[PDB]
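Enquirer: Take a look at the letters that make up each chain.
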Amino acid sequence: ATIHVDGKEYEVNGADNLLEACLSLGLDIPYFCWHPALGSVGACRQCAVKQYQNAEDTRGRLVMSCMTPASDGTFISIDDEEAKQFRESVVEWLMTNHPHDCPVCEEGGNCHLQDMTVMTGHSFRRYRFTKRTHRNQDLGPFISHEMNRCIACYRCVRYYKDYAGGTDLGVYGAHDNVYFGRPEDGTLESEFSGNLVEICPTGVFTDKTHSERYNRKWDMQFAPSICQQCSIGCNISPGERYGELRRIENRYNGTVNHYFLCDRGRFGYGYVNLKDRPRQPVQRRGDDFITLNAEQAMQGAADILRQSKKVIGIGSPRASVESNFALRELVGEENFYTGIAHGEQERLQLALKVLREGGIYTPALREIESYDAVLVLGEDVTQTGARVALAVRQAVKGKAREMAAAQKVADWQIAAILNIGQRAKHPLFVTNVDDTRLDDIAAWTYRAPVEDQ
Amino acid sequence: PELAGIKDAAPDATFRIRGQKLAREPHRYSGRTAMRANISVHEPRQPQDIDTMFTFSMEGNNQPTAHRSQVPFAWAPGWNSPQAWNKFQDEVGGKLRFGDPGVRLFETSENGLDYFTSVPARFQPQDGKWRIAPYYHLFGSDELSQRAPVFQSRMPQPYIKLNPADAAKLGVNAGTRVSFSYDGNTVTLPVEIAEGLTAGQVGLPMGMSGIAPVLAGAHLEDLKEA
Amino acid sequence: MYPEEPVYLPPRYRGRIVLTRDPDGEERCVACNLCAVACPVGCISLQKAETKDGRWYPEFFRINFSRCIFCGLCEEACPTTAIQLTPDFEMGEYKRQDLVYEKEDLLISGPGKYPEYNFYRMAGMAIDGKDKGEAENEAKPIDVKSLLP
Amino acid sequence: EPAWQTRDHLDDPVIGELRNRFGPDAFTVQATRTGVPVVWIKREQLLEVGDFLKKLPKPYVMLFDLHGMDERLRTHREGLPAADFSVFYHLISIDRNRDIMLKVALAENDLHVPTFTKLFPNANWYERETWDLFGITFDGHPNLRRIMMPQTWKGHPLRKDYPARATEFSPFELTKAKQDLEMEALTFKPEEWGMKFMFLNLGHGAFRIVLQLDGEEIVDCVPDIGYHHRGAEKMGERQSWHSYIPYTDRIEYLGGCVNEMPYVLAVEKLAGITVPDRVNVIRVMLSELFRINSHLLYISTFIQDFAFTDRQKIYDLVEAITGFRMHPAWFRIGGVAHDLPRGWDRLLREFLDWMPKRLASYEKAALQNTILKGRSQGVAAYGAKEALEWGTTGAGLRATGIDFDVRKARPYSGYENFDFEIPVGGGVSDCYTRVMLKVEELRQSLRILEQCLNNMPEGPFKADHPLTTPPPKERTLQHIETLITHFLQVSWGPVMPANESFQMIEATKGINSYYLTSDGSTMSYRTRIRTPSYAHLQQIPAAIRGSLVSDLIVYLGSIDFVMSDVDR
Amino acid sequence: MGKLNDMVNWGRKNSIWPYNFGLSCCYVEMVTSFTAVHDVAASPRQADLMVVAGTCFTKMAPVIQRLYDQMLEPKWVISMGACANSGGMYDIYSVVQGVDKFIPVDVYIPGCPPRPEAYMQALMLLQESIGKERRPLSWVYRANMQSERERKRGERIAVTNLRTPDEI
Ligand code: SF4
Ligand code: SF4
Ligand code: SF4
Ligand code: SF4
Ligand code: SF4
Ligand code: SF4
Ligand code: FES
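Chains as they are written, first to last, in PDB author numbering: chain C, 4 to 456; chain E, 683 to 908; chain L, 32 to 180; chain F, 12 to 207, 215 to 221, 228 to 329, 338 to 600; chain H, 39 to 79, 88 to 185, 192 to 220.
Quick caveat, the hints were computed from the structure, so don't treat them as lab data.
Misleading hints may appear alongside valid ones.
Derived CB-CB ranges, DEER-like [as the list claims (entries may be wrong)]:
hint, chain 1, residue 1, chain 2, residue 2, range
1, C, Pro-281, H, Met-39, 32 to 42 Å
2, E, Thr-747, F, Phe-199, 46 to 56 Å
3, F, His-87, E, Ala-691, 30 to 40 Å
4, E, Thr-747, F, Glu-193, 43 to 53 Å
5, H, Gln-92, F, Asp-191, 26 to 36 Å
6, L, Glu-147, C, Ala-18, 52 to 62 Å
7, C, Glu-85, F, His-87, 20 to 30 Å
8, E, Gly-776, C, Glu-85, 30 to 40 Å
9, F, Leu-218, H, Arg-112, 10 to 20 Å
10, L, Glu-147, C, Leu-421, 51 to 61 Å
11, F, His-87, E, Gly-776, 16 to 26 Å
12, E, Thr-747, C, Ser-92, 30 to 40 Å
13, C, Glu-337, F, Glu-184, 29 to 39 Å
The C-beta atom is built at its ideal place from N, Cα and C for all residues, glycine as well.
So that you can see chain C by itself, here it is in the shape it has in the complex:
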């Protein structure tokens, strides 16, 4: 397509809405309720631009860029004065009831609301009345709840319910006493509830494990890493401070795990911070445990290994490729053993032979969401490969997406898609020894022994 933003011509995809098209080009439009993975609902009214009917139009009309298609020959203005004033007004309206909490808020320096308050250029408070308050809930060990900071943008419920398929987080109440959370105090039951700490643009849902040993984002030392907790390989950004691993943030990978982790990967990093970890080489001498440095340990181990007639190596599927290879080089190829059982290795080798010799394309984790029918045999995915279960949920919602696409409804207009696709879904057939967490969306569930499956 062709759009004209502030007198400049850009080529954008016509299937996109105006907000994501302009954000792709590098234009800054404030937004709260829109998310790339969740679609457009037009709640927060923050993404306002001025759309003109043609080139020689002067009045224009304030539209929401997330709800407006990026059609061919579309004339808009982002930096128009009326659009800027409306966006600043929306920020001010969000600020009327917002608590004075930024120093004692875990999202400070990481807050989308802070960034959009600064970006709209709103810094002068002329509201003088009382701010509405709220009582918090206990959401369990992982997610801290602070409902005062909510801007009522519906990202949490849209993610947790429409995307993640959870059932225990909704919106309750009315006019401006809208409340987001569980119907009662209790742990959030989703396996993907931890993505709320990044879906929520404020400090309502925060990482409680990060909150117990807290530091700001500018103080973190980050690195790109791979989650070590299961086999899916979601990209993570672990951040440390003062020598201890403080937080696991999601690291975007458009091929694998785009915006979302699972709760095991996000909250199961605390083994790195244990105080019983080995920190120096330790050699036993009778009942004593002498601490060595690096070179003494290497010389002593080399002497004893040189005296021994045959040294064998036992690797692990926890260790990296380089470490298993280094052990294999140390002990020899014939003396290297994968440190897993024979039946486990047989199943792993058969899975490998199927993947790289079966002639059938094995999809990436994001590519799973584009399949029209899913048969899951034996694998309780939600407890072993949880991100695949989330991707399977998206692939199941693909039927509602297809039905809405038949009626010329845009793919980002998610509310109309869910309205058209009421309960129709693509087929899902799961088999397990018992009930899975995918049974709420499965077309059929087969509870049977592994022989019967």
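Following the hints, put chains E, L, F and H with the ligands in place on chain C, whose structure we already have.
Expert: Just chains E, L, F and H with the ligands now, kept in the frame of chain C:
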């Protein structure tokens, strides 16, 4: 040779973005002359990273328009939240700009396998032998995750799953602790009634305290009330 | 005339840095790390801890005074008025390690230059003695189960 | 129309003259917030453009600045030629009261520019420093050596891929440097330094000059500078826009708020901030107090070659206002840090009732001391021709009869509202003429302070702009929007949208200027600081030729330079 | 014997000639220290105290090292300001991070710059350090003095109210 694709998973340690390395920490990293001041007032050396292309300082490159795939964190001026990932992608919600990191080791084969003709028989429950049905838990079946102290409050208590018919045959109710011997080790767990489990199977939480994942599909002997 | 006649210092003189207390007597620092990041020299290091009531405070707080330039940017950064620069200059030492002032060397027993400001009287977060709706310009929380329309 | 607006300066007659001379496709005009026309010139046409601008009807006579820039990391290069590096030449015409910035683009491997020392002799040290900090070779340069670094230095520190931080200290390098410096007096090579008779080393600041003497006559002298190089510009790339103000203070340390002023005015040009009138008056008042302090120190030092109580009065007044004596760090982006304390006017009134008698005493100590008149007049003098070609500004330039002061020619910070005169010399820059000009400047600064005291605006000390850093403190302490703005401004930094700004002010030693390039971030992409002491120290080998060493000492005492201002 | 060492240390502490080798703003503060409004009252060969007051650059460091080596025992060193203590605000490529990287320092002064009364306080501290230690009488065991931080802790923590910055 099968692992030859790990060379292209990331660039080597000599990779630079216009001469400079990639930063591990943001530009506004603070406390650089007081974070170790309790140990010694003299600042130590910055840790040298010779293994990789990243640096252990902010003296590096983390621009969104930098020709790299490995991004340590998303930050752009004006965008401090996780919405800063919008600047690091070619289009928002799509691929990472200049490609996603990671390479597939193997391509799809030209020809497939043959049909596996080894069809197993129907499962038959025999007396005194209990087939272990694996129940995995997201919080508790991965070893290092179990070691994390925040998962102790989140993981369930280890319940052994029984069919209503099998528990009625044993006389066991929901909650009474039963003992079973595996590898000459009698261990006791409280019973949870599993309706969807089939008779002759016993459900066990794989990976948890004392129950190894190797036990999945193994038989069980001498399952009595404790 | 020194140290015979004490030298007059103006009230906003940028000398020795202290941490102050609120009028209630509790330390004002909520350990928000704004002073540490606003320091152009990086000579402030602290760590947030949190009591049972949910009150943020610094677990430790240290300033390397061999490195401080007494520019007062940390006091300008402080949203609680906890960190202040006093009119005091006699801070000479024998060992450079003894110029690293920990939290007990900094935390005075009073409010300092700002005698009435209490951040937790304005913050929305609930602590002991201050529930929800008890801050300044706050209404009591209205439950969603309430009978009013 | 705002003074910070992004202008193209296509209505400048110099642009039309360049179009008529070299053609419309020979150069690229860049729209900046510098307030000068920025013209990208091809590298081959650089000497032709310099010749053309030197021979205009009202010519561009002074090379104000010349420095490099690493463009490899700059992401917002819209409307700019493809450059890995660039070299900018800031040229000033005083007859037109205008200036132009010529930028030459360079590829990464072909880093060599024709030398500019044939047109402007003061380009020698600038090209040496551009080679030293960027590795840009200048073809035809006589002795292109390092001026801020030792000769055994690897890499060029202002390149973007150079580590800013201090590396690990080694006693071995210290012993090697001791062996190198302490064998210089024994194994001196009189061809590296540009010379070609005894060789002496001397050893405002501590610095070394290599002197070549015929008996006691100075036949050649080469200063060795860089002993006080603090890397302030590289720190400009490392600090945020707000947390760099102390570093601006610590350059020309006798200036203080005077040194803060051009930095904050350039940042406010980047931010689009028009400060209110009380902010302008406060910053003028503090800059004039510090100007009086610096002039008092300079006069007292020259008279030495009683006056330290008035400096204490000024320091007490600045202590009351800011909280600190000589590094106040008090100007902010969009205002000043605090309001004036209640009682400042009494202190200023007691200061202005004390200074006329002291000023009369200084005029009696400088005029009636005819020994000083005999030993100061004709001591390393120069005319307007030598002042223009060496970039001499401030008291020397005005002592050569050229009436060019920034506070009147290109007014800033509301200096238009104040009635004050510009003392102009007779046409010869003696030591005595410069000292008399400093005395008359001190009188005019006292007049400015009287006009500040009698007519003081009652209003805000910070602007009502969203990029005012930090916001007013009481609204920060009780408003959430203001708290958010304070949180993001003091932590990540204020975001200046991508532009280039320039501010030139009259410092206490001459003309000081900041040239800031923002890449749309919270830090500076490039910070260039032009200080007058650099150009004043370059002029010593052009004026002390054939004179005595005592004349060199008196001339050094009468230059009014500080070494931290030289080595910035 | 006991009184003799006391009188020797008394003579050393009551007569101290500083070689104020300053390099920057701190040196100019020490120039202002010599005036009659502060009342603070050579060559490195006969000077017994070296006051390093300013930034120790990588090029000025050999000069400082040589000028310290030219001094003679007993010799004492006072660092003035943040630059001489630690490098100060210049954690930059061209600055040695503290003068105690290459010469021993006996008394440190925080500040940027310290005021001259802080220099007089450091002179008092150095005099007490000299008077408490003891050296061989004819041809070195320095006393481990209590730090000023913990000594002054009670009267510093006991401070409650300060004058507000609004007034003068
Ligand atoms: S949610 Fe954001 S704006 Fe609200 S208190 Fe927290 S950091 Fe401040
Ligand atoms: S809790 Fe967070 S995600 Fe949910 S509506 Fe409120 S601000 Fe949006
Ligand atoms: S699905 Fe969960 S445990 Fe597995 S790699 Fe991803 S975040 Fe880690
Ligand atoms: S006064 Fe300046 S240098 Fe000292 S701790 Fe505060 S911000 Fe840092
Ligand atoms: S800015 Fe103030 S409240 Fe925040 S960490 Fe520093 S002293 Fe504590
Ligand atoms: S400590 Fe401060 S005042 Fe002293 S030399 Fe360094 S920058 Fe100058
Ligand atoms: S982002 Fe468009 S209305 Fe919310």
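Enquirer: Cβ-Cβ distance between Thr-747 (chain E) and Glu-193 (chain F): within 43 to 53 Å?
Expert: Holds: the Cβ-Cβ distance is about 50 Å, inside 43 to 53 Å.
Enquirer: Okay, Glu-85 (chain C) versus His-87 (chain F) on CB: inside 20 to 30 Å?
Expert: Check passed, 27 Å falls within 20 to 30 Å.
Enquirer: Using the beta carbons of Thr-747 (chain E) and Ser-92 (chain C), state whether their distance is inside 30 to 40 Å or not.
Expert: 33 Å, holds
Enquirer: Is the gap between the beta carbons of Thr-747 (chain E) and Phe-199 (chain F) within 46 to 56 Å?
Expert: At 51 Å between Cβs, range holds.
Enquirer: Holds or violated: 10 to 20 Å for the Cβ distance of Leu-218 (chain F) and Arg-112 (chain H)?
Expert: 18 Å, holds
Enquirer: Within 29 to 39 Å: is that where the Cβ-Cβ distance between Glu-337 (chain C) and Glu-184 (chain F) falls?
Expert: 52 Å, violated
Enquirer: Can you tell me whether the CB distance of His-87 (chain F) to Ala-691 (chain E) sits inside 30 to 40 Å?
Expert: Once the Cβ atoms are compared, 32 Å apart, the range 30 to 40 Å for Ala-691 (chain E) and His-87 (chain F) holds.
Enquirer: Range hint 52 to 62 Å: satisfied by the CB atoms of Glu-147 (chain L) and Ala-18 (chain C)?
Expert: 59 Å, holds
Enquirer: Can the suggested window of 32 to 42 Å be confirmed for the beta-carbon pair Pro-281 (chain C) and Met-39 (chain H)?
Expert: 57 Å, violated
Enquirer: In this structure, is the beta-carbon distance linking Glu-147 (chain L) and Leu-421 (chain C) contained in 51 to 61 Å?
Expert: At roughly 54 Å between Cβ atoms, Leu-421 (chain C) and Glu-147 (chain L) fall inside 51 to 61 Å, so the hint holds.
Enquirer: Mind checking the hinted window 30 to 40 Å against the Cβ distance between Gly-776 (chain E) and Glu-85 (chain C)?
Expert: 32 Å, holds
Enquirer: Holds or violated: the 26 to 36 Å window for the beta-carbon distance between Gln-92 (chain H) and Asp-191 (chain F)?
Expert: 28 Å, holds
Comparing the model with each earlier hint shows violations of hints 1 and 13; every other hint is respected.
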